[PDB]
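Student: Listed below are the residues making up each chain.
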Amino acid sequence: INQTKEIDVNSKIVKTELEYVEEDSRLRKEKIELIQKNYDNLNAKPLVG
Amino acid sequence: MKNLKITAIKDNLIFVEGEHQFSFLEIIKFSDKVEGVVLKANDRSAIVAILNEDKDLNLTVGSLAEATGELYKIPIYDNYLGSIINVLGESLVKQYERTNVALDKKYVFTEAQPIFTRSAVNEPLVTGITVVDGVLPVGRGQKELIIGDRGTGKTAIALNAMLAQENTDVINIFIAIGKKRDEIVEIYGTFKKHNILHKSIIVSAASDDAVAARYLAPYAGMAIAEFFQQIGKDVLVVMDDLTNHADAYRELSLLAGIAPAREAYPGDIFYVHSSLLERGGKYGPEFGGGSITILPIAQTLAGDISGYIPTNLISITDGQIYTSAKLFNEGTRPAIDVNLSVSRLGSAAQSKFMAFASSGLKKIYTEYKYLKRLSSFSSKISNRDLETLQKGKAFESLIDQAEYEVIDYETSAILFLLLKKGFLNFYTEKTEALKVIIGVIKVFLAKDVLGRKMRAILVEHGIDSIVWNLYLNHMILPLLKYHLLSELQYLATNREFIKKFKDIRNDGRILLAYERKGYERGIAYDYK
Amino acid sequence: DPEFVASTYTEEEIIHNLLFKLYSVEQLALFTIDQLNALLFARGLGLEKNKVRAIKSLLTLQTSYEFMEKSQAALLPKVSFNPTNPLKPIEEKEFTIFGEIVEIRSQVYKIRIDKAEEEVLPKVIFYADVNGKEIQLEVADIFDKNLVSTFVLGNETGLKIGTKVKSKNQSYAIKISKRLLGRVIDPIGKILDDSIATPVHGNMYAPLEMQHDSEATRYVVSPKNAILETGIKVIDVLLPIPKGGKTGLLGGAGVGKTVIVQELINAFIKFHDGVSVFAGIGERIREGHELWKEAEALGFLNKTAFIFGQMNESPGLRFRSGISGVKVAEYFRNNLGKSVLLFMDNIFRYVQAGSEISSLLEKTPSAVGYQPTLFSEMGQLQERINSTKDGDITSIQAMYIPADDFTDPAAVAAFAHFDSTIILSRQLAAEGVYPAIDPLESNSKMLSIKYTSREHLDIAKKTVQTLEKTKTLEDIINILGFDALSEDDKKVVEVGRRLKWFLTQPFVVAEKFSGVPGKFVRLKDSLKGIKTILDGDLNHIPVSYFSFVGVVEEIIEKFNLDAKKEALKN
Amino acid sequence: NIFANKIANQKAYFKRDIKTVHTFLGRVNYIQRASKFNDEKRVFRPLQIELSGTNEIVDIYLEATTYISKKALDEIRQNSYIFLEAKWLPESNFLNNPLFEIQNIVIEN
Ligand SMILES: Nc1ncnc2c1ncn2[C@@H]1O[C@H](COP(=O)(O)OP(=O)(O)OP(=O)(O)O)[C@@H](O)[C@H]1O
Ligand SMILES: Nc1ncnc2c1ncn2[C@@H]1O[C@H](COP(=O)(O)OP(=O)(O)O)[C@@H](O)[C@H]1O
Ligand SMILES: [Mg+2]
Ligand SMILES: [Mg+2]
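Residue numbers (the working numbering), protein chains in the order written: chain A, 25 to 73; chain B, 401 to 928; chain C, 9 to 578; chain D, 18 to 126.
Don't take every hint at face value.
[What the hints assert, rightly or not] DSBU-like cross-link-like pairs, simulated, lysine-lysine; straight-line CA separation at most 35 Å:
| hint | chain 1 | residue 1 | chain 2 | residue 2 |
| --- | --- | --- | --- | --- |
| 1 | C | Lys64 | A | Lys29 |
| 2 | C | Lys371 | C | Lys499 |
| 3 | C | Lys251 | D | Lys32 |
| 4 | C | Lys536 | A | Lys36 |
| 5 | B | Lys772 | A | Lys53 |
| 6 | D | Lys53 | B | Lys835 |
| 7 | D | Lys23 | A | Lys55 |
| 8 | B | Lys772 | C | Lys470 |
Read the hints as simulated data drawn from the structure, not as lab findings.
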């Protein structure tokens, strides 16, 4: 009985891929917002005040 | 009213008897839906070939027919656009609705317009294929033959040329002669999916249709194209394919008692195709001011260009695009043989910017092929060996193209100029690099507020070397450099990439904010 | 309500529905090899010589959504497919036209009409009665009101001047129903499987009538989008067969087309659970009898409808076999809503019969002496195979190429319609490689990204590249010796050899020749095996182990067993 | 008129088939780039919509498969105001936020 059962490949691929797309998009948007704030902080001070 | 009686029905032809003034290709009506055309006639009878078929109409000896006394004329209806029709006008698949008012009626064998009604071919026709648009140009009013073996991509090339007119105001007419209905429905679906359905018509005569319909389908398509040309419109016609049309004509003539000639074809097979393909060209403002571009398709057998019909068709058109089976087997798509392909119009059919950009590329390609086939010993001449082995491979990488992928004319020209200025030396067979470059240039030239004006300048006028260098250095190169350095890791250490892109202005700060605002991957100033 | 749900099912329907019964793994572990093999043979998965592998195959088949759908529906009251646009039978008429033969010749007879209630139509059938036997003559040309020309559909013996003939002004018709399965007939419906000629119960349909309200209806079709699974490694991996399209089987004589045809019939009937129509055109009597007998023996006879236009019959009768088969397939799709796999053999003989009929009726021959209507007739035959809301009609047609001349007009006409071409090689067969399919020459339009995955395309491309490269390098090996290769070239050659031999497969029908049991390999198993071989994982195994196996694990197990025996022997 | 120049920039896409749709009507607070997931054949676009009449923030995903659908999806930017009709897709059962397909849409920028 034990040797017969095995891990499927269709549902696993679909679910894994969907979670990877969501995690990738979330990570990219976080990195974009941090990069832009770093650019803003690089050129944001008055010369004379 | 009826004035003819059917006497015999043999050889798929009908033998009408009656006293009438018959004329060649005069419509004879057997019902309100079924009609034929007169092929041969004498002072008491005629031989008619049917164009239709009706299930409830049972034609037989003794049936009555009416000789309308008018030549075969195709009527023009408003709902032709975005529709599949047959040679008599009936809409087999339609997207809009008809009004039952004929805009015009065009005679199918309309004689070609004389010499004084013509004009020079000087305006490009965009086919969406970089190799064709740069090395084998097609002008508005040209006749270019697509010739090759089976399953090599001739129909794909024609459909690609017909997709590039999405935003050019060029009407599309696609004539299918003995094609499968599955493929025609698929082509209709592709037209709808690629936003050119409202601009296109499909004339269809299936492989099991009446022989007269398959014979006269290209002429009906040309009559519709002539209607559209008479109101100053540029029409692009594709015939798929003319070998089936030659077979249909041979079958019709053999079944009518005409003697066979060379290869069993009738004696006037050359005239049938020449008087058909001579109706295309560019016409003067007083005679319509439009143009008709024809892309007939021909099938060879195992590369045999020397066949009867293929050599008849080569001696009529203004050049040919030859598709090779060896390249198709090797995986090259589109499999177009540059060595055996010609465009007699040449740079006359290219815009000034494209003529400047693609000048002397065929020579370099032939030199690269000559070197590749004859490298022989490992001894190397000079750095020029590396120069050729670099630029030829860059050109070959530029050749490849996905199916149904439309590459704009200016994008192709800019790619050619980048290749000639050595801005593709870093390439090491990474398709995503050219995909990124093409997408960036396309979006910049289509949507950017200043890129749109740059594209208009490139289309209309002919710029010189210094202005092009300024354009490339101050706008195009910073955008390309940023969008390449943020997708290709190996470009960080690629010695050629730094050697060429070191002095280019960095523009990451602005393109970042453009990305974060949801802008496309080519906007550099703003949306117009 | 078991009684109510079983009340809507006939006993034969319950017998069939016993196949789609779900077995738990706890039960399945308790079966024996014999019961597991019986289950696999009943479900078309082929014999298995291992226990756990057999359970895994049965579970994979059972876990499929289609199998579960059928099993769930089998416990519900019968739902009837409501036929939209059915085939309407012919109308009931009387014999309205009468006449007699006035001119005789070889295969062509002229009929003069005396008493007619209505004017004669083209392609109608005249019946003659000679010595209690009925002869059908199809009308070709109507010269005038009372004079037509006809050609025989069958045998012309017994016809003479003055033989009275009568006609209903209708084309030839055949009796079609579900009872046609398991029977062997000819294109005009004569019984061919017994001497007493037990009739076929059904309605009379005219195969030459398409019954379309308008031409636009012929454009309501669905372009092919699905791939049929055959269980053959080479076909599945490299030459996917469209569902609703056309596949040509090309080659010379003796390459092995008929064995492939029988295997595909069996696989479609058992594994895919469908209805098969065979249409033999110019079918040899010995081959027809043999195929009928093996259909009875192998158990796919009761779900196959055979039409045989024999080689010895008149060309007019041989021409109608394809049309009759197409009509049977159209009935089985439109009236019953069942997917049909239609088999045609041989297309070249259909073209030849058309050419013969054209030449007999005094028509001017076309190039190479063929009929002027060659492409038109080929289109007429092939355009009725399609895919509609009611179901799919898949066609697998065998062709004979004379002297390997692929530019022959018959072949050029045939390639205009084929959606996938499978080309067999006599050299490859002579090397003992079966099914002897040439992977480099053959190609399929369905091996794209529109229908297959990225992995399948990558595997197919790498396989074709490796096979071409090893074919190139074999000549160098033969001439200069295996040492002259480089280090990478030796590995490429070994991988290519193992790939080429792994593509061979034993069929469940070919047990007569070699005596080896057949196998059924799923697409995933073939992909995994080819992926294992491409990486060079099995490069330590002799090539002789890769021949005529089912899956990648069999080679490994056999090599391990041989190594164990060698270690024990010393 | 403030909205006079917005009229010339209207872009309307529609299907002649009518299914059950979820209607969104509001401004696009944030929209990301596009991702290709199903064998590089589809386009995935995450959208943040501030609705009209409630001014609440909702998160959705949009799927594009054809050339015309991708062209319509590329017209959506930040601060774009949309009247979008979206057919629910059965892949949301494995997603945090629903996945939709554009049936009808009107885009102004
Ligand atoms: N650029 C391309 N990239 C990939 N596949 C392509 C490309 N162009 C064409 N194809 C494929 O090549 C095959 C042949 O294309 P097509 O049908 O246009 O050729 P053809 O010469 O008209 O053939 P036929 O003999 O069937 O009329 C098709 O499967 C098509 O999808
Ligand atoms: N898979 C196979 N295994 C073994 N022999 C085969 C196979 N396929 C074909 N053959 C051989 O082909 C012969 C019959 O040829 P046939 O199938 O009629 O080819 P064709 O119809 O192409 O002429 C048989 O004697 C048989 O040995
Ligand atoms: Mg084609
Ligand atoms: Mg055979």
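Student: Next step is simple, just say for each hint if it's right about the structure.
Tutor: To see whether the hints hold, each was checked on the structure:
1. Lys64/C - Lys29/A: holds, 8 Å
2. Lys371/C - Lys499/C: Violated, at about 61 Å.
3. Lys251/C - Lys32/D: Distance ~29 Å between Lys251/C and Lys32/D Cα, so the pair holds.
4. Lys536/C - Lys36/A: holds, 17 Å
5. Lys772/B - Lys53/A: Distance of about 48 Å is beyond 35 Å: violated.
6. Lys53/D - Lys835/B: holds, 14 Å
7. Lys23/D - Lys55/A: Since the Cα atoms of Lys23/D and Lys55/A sit roughly 33 Å apart, the hinted pair holds (cutoff 35 Å).
8. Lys772/B - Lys470/C: holds, 24 Å
Violated hints, in rising order: 2 and 5; the structure is consistent with all others.
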